[PDB]
Amino acid sequence: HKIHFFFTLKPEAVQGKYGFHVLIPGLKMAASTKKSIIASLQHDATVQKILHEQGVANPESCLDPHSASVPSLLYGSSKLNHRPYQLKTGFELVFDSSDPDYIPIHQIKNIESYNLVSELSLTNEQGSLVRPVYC
Amino acid sequence: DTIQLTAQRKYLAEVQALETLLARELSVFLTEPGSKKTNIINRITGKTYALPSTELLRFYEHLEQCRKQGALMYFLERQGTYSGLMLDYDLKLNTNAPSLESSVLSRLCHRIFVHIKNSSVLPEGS
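These protein sequences, in sequence, are chains A and B.
Quick note on numbering: UniProt numbering labels position 107 of the first sequence as 243, and the sequence is numbered without any gaps.
Per UniProt numbering, the second sequence runs over residues 10 to 106, 108 to 136.
Careful, some of the hints might be misleading.
[Unchecked claim] Derived pair list, reagent style SDA-like, types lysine to any residue, alpha-carbon separation capped at 25 Å:
id	chain 1	residue 1	chain 2	residue 2
1	B	127	A	224
2	B	127	A	235
3	A	245	B	109
4	A	138	B	113
5	A	245	B	127
6	A	138	B	123
7	A	245	A	227
8	A	138	B	120
9	A	185	B	134
10	A	245	B	116
11	A	153	A	143
12	B	127	A	237
13	A	138	B	121
14	A	224	A	199
15	B	127	A	241
16	A	164	A	241
17	B	127	A	239
18	B	127	A	143
19	A	138	B	109
20	A	138	A	217
21	A	146	A	214
22	B	127	A	238
23	A	164	A	198
24	B	127	A	242
25	A	185	B	136
26	A	245	B	113
27	A	245	B	118
28	A	245	A	206
29	A	138	B	114
30	A	138	B	134
Since the hints were made in silico from the structure, they are not lab data.
Just need the whole structure built from these sequences, with the hints factored in.
So, in structure tokens, the structure goes:
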């Protein structure tokens, strides 16, 4: 199967408060499964120590648990007097459950020539690049 | 074959520079056959040399200059106990006609690294 990752980044940190988003439209799982995933990531020491040198005061409390429930804003949209997040880059991963030997993490080429709103939609199923991986 | 050697030798400036360097500067580094100082083998002239690094760089630069024009050469090298790793795979095609896709090469490269890890001791670190 093919699993795509996208990294949308805030245009600028305001009052020393930065944020970035990870969009995985390919995966399709229940709400409780997403809650389980995000609960397991909350106490992950790897990401936290990665962010320790990133000027992150509390890397532990950075992941909002409500992400699996609160409705998400479409790409390009934003909040009142807020600037939309900008897609810094998009990664693509190939996973073979038959025999995992190494995940080939590479970068998606020509991401700009694509209907980014259509591709990055969580409920979309007709994405030219994003494909439905039914879990 | 010697007519080809004459053609490239006389009718290509890069090969002229290469042979002039070999004959004039690098001859003082010649080695008698079987000597452990031998690092380069010229399978045409049958001569072995002992070049230090400082002229090794210029030799490699000249050799690459010849290669960029497609110049014909058979310059070999003698590898000792401690050197890089080399692999040869003389495949036997059942048919007279392979693709060798890049992803396939990635798979084989990863498998090679796995075998290296299992069958050797690698330095610690990044």
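We went through each hint and held it up to the structure:
no.	hint	result
1	127(B) with 224(A)	violated, 35 Å
2	127(B) with 235(A)	holds, 19 Å
3	245(A) with 109(B)	holds, 23 Å
4	138(A) with 113(B)	holds, 14 Å
5	245(A) with 127(B)	violated, 32 Å
6	138(A) with 123(B)	holds, 24 Å
7	245(A) with 227(A)	holds, 9 Å
8	138(A) with 120(B)	holds, 19 Å
9	185(A) with 134(B)	holds, 21 Å
10	245(A) with 116(B)	holds, 18 Å
11	153(A) with 143(A)	holds, 17 Å
12	127(B) with 237(A)	holds, 14 Å
13	138(A) with 121(B)	holds, 21 Å
14	224(A) with 199(A)	holds, 19 Å
15	127(B) with 241(A)	holds, 21 Å
16	164(A) with 241(A)	holds, 20 Å
17	127(B) with 239(A)	holds, 18 Å
18	127(B) with 143(A)	violated, 33 Å
19	138(A) with 109(B)	holds, 23 Å
20	138(A) with 217(A)	violated, 37 Å
21	146(A) with 214(A)	holds, 11 Å
22	127(B) with 238(A)	holds, 14 Å
23	164(A) with 198(A)	holds, 24 Å
24	127(B) with 242(A)	holds, 23 Å
25	185(A) with 136(B)	holds, 18 Å
26	245(A) with 113(B)	holds, 16 Å
27	245(A) with 118(B)	holds, 24 Å
28	245(A) with 206(A)	violated, 31 Å
29	138(A) with 114(B)	holds, 17 Å
30	138(A) with 134(B)	violated, 33 Å
When held up to the earlier numbered hints, the structure conflicts with 1, 5, 18, 20, 28 and 30 and fits the remainder.
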